[PDB]
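Okay, here we've got a single chain as structure tokens, the form deposited without the partner chain, with questions on binding and movement later.
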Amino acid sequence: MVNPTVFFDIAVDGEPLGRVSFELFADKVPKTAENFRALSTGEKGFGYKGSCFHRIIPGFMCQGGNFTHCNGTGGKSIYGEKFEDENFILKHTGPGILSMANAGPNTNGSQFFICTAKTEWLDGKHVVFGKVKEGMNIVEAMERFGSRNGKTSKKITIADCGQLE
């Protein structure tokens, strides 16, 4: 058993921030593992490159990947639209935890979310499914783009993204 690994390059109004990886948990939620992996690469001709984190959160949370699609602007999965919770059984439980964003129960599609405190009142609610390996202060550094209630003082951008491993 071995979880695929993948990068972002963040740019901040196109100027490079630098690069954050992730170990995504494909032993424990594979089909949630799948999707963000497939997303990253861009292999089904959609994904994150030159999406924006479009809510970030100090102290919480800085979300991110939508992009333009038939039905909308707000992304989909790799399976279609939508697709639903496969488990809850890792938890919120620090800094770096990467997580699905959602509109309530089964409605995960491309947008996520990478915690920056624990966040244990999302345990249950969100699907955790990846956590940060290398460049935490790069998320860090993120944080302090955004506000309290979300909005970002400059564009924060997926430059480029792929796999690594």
Second form
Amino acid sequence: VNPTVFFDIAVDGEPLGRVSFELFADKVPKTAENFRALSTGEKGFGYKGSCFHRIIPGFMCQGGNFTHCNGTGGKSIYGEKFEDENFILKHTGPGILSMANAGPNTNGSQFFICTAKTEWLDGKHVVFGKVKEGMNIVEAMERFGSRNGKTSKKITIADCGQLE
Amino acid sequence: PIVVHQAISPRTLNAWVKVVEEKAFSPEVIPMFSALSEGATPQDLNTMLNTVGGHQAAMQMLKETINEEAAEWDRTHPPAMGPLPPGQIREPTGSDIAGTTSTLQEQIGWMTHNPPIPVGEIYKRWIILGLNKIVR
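Show the same protein again, this time as the form deposited with the partner chain bound rather than the form deposited without the partner chain.
Expanding to the full complex; the earlier chain stays at the top.
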């Protein structure tokens, strides 16, 4: 069965709610495994305590830099960067979970959650999962974003892990 | 240069060589450099620099100036991960601007993008800052 992960999201230390993701291990097993393991903290680091540093309403919510609250940092469980596994799955709509990058074969820990269809990213970012529950919680995060991406409050992964 | 891209003119190259041989790195070289490199890509600028025969210590000082400006670019333009909005392209690093890690095709992509990132003009400014230190 494809693994499932949850984030418990907080806004300036106050719980906002739970988002859960199916990870498409059947089709992107390396990429899925990186996210699953960073979700559980089982390599000794991961997403717990990290921020969404860039939120653009109607586009996406980006996070997973567990070193700083910004777009420069994080590593995968395989090393600093890993390859683009494949581009089989597309950015079809809201809820798509995809890897952030700085160009080809530069995947680390950062990811983003689409809140719309982002067809122009297809073949550029590896899609590896999708929101199951709490798409309402993702939408509620947008209130704290802006057109440039800056957040007006600190949006954190207060807790995370694997459900199945 | 880009006017479309064209290979750097060999006689413009040779004019530049002549200017350095006669004026070494006295003050008069900077205007000539400037005049002779209009629309230049970083690749073109490097061809100009790499055609300087000798002047080893002058070139070392220049290389050191470029590295400082490249490091400063990186410190103020950190390489934040995407994804980018449609039609947008990725910003150059300091080593991309200097032509160290960017191909001619990538430089043209920046220079002809809309709006453009004029990596040719940015790097030419770094070079001119370096020349001003050398003439001293």
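Positions refer to the first chain, counted from 1. Only the largest set of C-alpha atoms that superpose within 1.5 Å between the two forms is called the rigid core.
Where does the C-alpha shift reach 2 Å or more between the two forms among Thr41, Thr68, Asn106, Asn137, given a fit on the rigid core? It is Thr68; the other listed residues stay below 2 Å.
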